[PDB]
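Take a look at this single chain in structure tokens; it is the form deposited in one PDB entry.
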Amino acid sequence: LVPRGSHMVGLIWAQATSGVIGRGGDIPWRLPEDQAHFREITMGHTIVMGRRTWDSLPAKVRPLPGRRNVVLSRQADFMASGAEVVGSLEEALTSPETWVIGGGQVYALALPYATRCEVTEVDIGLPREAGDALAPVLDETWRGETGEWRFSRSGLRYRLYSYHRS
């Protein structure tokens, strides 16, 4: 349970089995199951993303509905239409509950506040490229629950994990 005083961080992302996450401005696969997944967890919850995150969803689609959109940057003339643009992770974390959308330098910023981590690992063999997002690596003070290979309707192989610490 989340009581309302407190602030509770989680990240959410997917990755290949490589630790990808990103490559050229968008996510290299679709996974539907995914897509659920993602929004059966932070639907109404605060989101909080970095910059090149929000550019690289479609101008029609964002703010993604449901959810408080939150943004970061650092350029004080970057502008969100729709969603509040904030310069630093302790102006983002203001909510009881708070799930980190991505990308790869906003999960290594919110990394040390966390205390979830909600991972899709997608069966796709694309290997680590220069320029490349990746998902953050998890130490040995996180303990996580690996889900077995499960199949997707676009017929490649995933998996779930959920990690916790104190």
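Residue numbers count along the first chain shown, from 1. So that the term is clear: the rigid core is the largest set of C-alpha atoms that superpose within 1.5 Å between two forms. First, how it differs from the form deposited in another entry.
- The two forms, fitted on the rigid core, differ between the two forms by less than 2 Å at the CA of residue 150.
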Given for the second form:
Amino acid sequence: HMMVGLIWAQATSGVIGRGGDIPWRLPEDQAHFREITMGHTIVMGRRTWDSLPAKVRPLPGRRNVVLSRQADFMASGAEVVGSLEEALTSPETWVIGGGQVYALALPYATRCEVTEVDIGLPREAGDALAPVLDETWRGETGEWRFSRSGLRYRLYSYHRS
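We have the form deposited in one PDB entry; now please give the form deposited in another entry.
Lone chain follows.
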């Protein structure tokens, strides 16, 4: 049984953070992200891996896998694979970005963990949007919470079988 999960953070506009490209300051999201993914395999694209801050490259305490079709691409502290199917060896796999990988992994996913940030961030050219969730996703919607940054945010935990 190879369970796939997706986890991301988005503005209310749907615009998602990708790797180190995160425009909002929301410290609690990192603790939330770590609580979900710790002790599991995490899968990310090349562009996401590249945009990671060097201090968190690779991400500590987790089996890092990078999805790249470029055959010459290497990355210290992570396993590179050329197919998403090859990355889903573990019993629980979390896909952590970016947009292209989300879309590839979405048909396989049975869980989505979403952080929505209450911040004005219009869609602009080059921005990735959150994967669209259809009526198959069963979801518990969290209450707006105030971050110590001053921003409001809430947690969505979606699932399907």
